[PDB]
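Missing here is one protein chain; the remaining ones are kept as they sit in the complex.
The first chain written gets the first letter, and so on, giving A, B, C and D; residue counts start at 1 in each chain.
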Amino acid sequence: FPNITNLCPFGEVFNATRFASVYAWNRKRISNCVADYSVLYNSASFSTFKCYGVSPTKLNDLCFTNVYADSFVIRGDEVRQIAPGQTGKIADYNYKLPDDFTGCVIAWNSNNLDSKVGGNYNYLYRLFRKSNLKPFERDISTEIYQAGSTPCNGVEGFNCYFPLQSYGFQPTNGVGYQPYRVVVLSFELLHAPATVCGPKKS
Amino acid sequence: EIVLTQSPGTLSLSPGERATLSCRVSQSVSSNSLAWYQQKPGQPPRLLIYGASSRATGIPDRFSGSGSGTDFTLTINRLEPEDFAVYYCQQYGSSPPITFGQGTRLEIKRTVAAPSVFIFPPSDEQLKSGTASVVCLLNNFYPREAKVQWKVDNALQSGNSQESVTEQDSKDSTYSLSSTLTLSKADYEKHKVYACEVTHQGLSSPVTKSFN
Amino acid sequence: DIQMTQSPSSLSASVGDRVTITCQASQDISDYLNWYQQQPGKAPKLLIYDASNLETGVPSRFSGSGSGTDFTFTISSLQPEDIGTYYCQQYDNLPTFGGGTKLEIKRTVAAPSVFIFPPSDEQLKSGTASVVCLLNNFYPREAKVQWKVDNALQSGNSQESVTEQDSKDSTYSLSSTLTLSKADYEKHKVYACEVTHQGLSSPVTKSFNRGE
Amino acid sequence: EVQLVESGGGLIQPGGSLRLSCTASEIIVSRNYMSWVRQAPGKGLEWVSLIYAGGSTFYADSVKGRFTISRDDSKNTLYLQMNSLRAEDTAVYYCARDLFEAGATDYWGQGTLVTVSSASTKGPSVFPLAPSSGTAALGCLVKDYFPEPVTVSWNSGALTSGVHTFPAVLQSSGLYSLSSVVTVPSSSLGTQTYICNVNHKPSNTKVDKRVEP
Partner (left out) sequence: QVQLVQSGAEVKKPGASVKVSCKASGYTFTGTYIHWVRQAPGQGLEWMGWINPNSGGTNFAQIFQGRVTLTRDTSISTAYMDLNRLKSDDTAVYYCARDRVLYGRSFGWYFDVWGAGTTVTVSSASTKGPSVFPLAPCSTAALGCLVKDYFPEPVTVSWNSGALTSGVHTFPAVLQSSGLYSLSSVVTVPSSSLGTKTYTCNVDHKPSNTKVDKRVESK
């Protein structure tokens, strides 16, 4: 195992005060640190810790050249769409996972952080789009959606709509309509020296 | 699974009053995920308000929606004679992608009228075909709620009666009902007197008309 | 906007005592309240966020509570480094601060020492005269100095300045400056300073003659 | 002129197949959430299927596996391939445009009726009902006709006072049954002659009968 003593910045990812919107999801390149995923797996706060292509108890042995941590906020009902091969407004227009995904999808309820009593409209999602997103593609354009024959010309009219809709997050919403913070760890393995490694001493 | 329940099955009230329809979602949903539709008979539904408060284009200021969480309402302030239709609340966004309420019917309210009851013995040609049908013609009663009991003898019967009810009259605002009792030729000749018992709000006591 | 009200605008407590201040709100802001401490001459420091959570690196004696409209901030045992102004901020809307609560160390009453410095000859030659009354090492801060000239209660020409509470003996010092023109200064004979402080049984007057 | 026109609906047998179409004007089907909503005769609205602009398809539980929603981008047409049809699939099918949080289902088609039953086309067999002896009521009962649209006219279409035509009901067999009644003064019942005309256009039947006590 390579001689690295740094600790991977998982605190700044899972504890950031503000998360990104699902249409503008935030990708973080994690490298040159020792990552210890066992405390992540053994934490009871996470409602979802699905792992694809790896095992959570085995992750402390493999070494990856890069780890990507994509973080965003969705509803409770849309966490089922952050699995490979899924369909829906989130899996088609906001955040797409490839069917060849290798990594962990971590989600937890953030109703105490992202819900405001009067309504938290700071989180948005793309309601309208013409084609499905390619895997790991981000579409942050805010041009008016056509949806009709007449050109939009940048004006929201009858058939011309603003693509982004806003989540209405309130603490009194149901568990399926409450905010959930999702962190998707993608484990990249290229032909480069390994940087992100398990905490094994040798 | 989101389930929508509309509390008033039928909301009867005179024109000019205020109608308050209600929808009850099974779980607390965001207010922007509920819409109201109006369906006049033999027509496609017409969106009235979406997002639980946002009136659709062309909808008069009379229609107004409100509510949040598990309780939403639609208010028609000054009921016009064309506002009496069936109203559905719809939830969209979750699983299933679109859900509809069972619908609330609005009907014009008027003074309770007793039903004029008639009974019709089957014709000879009808008997020659092997099947006998006897109908109870209820004419011009306002309260749609009216139970009609069929009995080929002093003992009551069930399972062989079908009833038709007309829509509310365009002028009298009264419903007409007709319950038909299907009987075979052998069944028709196995009894003597056939009675038709109807219970209604406009009748102090049930009235029965029979024939030999 | 939202108005933040802190009832104890100034509060004295000895070292080792429990301190409690409130931040009654204009509306129901849930628990969207932060607490800041400003030492004299320093930038404010975040102590309690979300009305209950203690900021990292903050002593555990600080504690906040409350929700909705009324909020409470508590110091379990006052310490000499806790002296300052405590502000409460809401984020239910655009941020708004409270008026502030000044914390002073309580101690035994000390009588003020009064000295009179007549205007110097250089200042008289310049064109203006200033008579300064010095109140040294008194507690509490509540002192009333009135400038009397030939038994007349002068007003509208005196400006007072109070030092901050000393870090050694927890006492104050007050200086009142009486500004007068050269003609008005030469138009009188005796100038006196009268102080009414609770540390004196009766007011003490220090005066001087314009000559000598 | 924004509009949605359905077509292709009609009579089919149980277990058969039928494909509906929905031509759109001023609405591009390939850029919209387009859904199918059906209304059973006399019942409430029921969502059937929904297709995204990207191409994702969602179906109701009752129609999953049998129905298939598609579209033709070149022809601007929305389709619904209905397979393994059952007797519970009879309804008026509406093609609709969904905006969800941005306006809900603003536009609906006129609807197309899909009838799924094994009954064959059959002409009506009307039977006058004797008044049986004020304001005597008389009428003729229309029985055993499958094709639903039937128009009943009293006295060569010259009687509208108290003329009531009850909606048809689906009896135990596949055929329908309709009853028409009229209210007439008892004194006028004996002298005046009243007849009813039943015109079954699909069955090309115009059976007329006379009602007299």
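Just a few scattered comments:
By our rule, a residue touches a chain if its C-beta (ideal position, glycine included) is under 8 Å from a C-beta of that chain, and two chains touch if they have at least 3 such contacts.
Residues of chain A in touch with the missing chain: 11-12, 15-19, 73, 112-114, 116, 120, 122.
Seen across the whole complex, the unshown chain contacts chain C at 1, 32, 34, 36, 38, 43-46, 49-50, 53, 85, 87, 89, 91, 94-100, 113, 115-120, 122-123, 126, 130, 132, 134, 136, 159-164, 173, 175, 177, 179, 208, 212.
Here is the rule we go by: only the chains that are shown with their structure count from here on.
With centres defined as mean CA coordinates, chain C is found 53 Å away from chain A. Separation between the centroids of chain A and chain B, computed from CA atoms only, is 50 Å. In chain D, 58, 99-101, 103 are the positions where the chain touches two or more neighbouring chains simultaneously.
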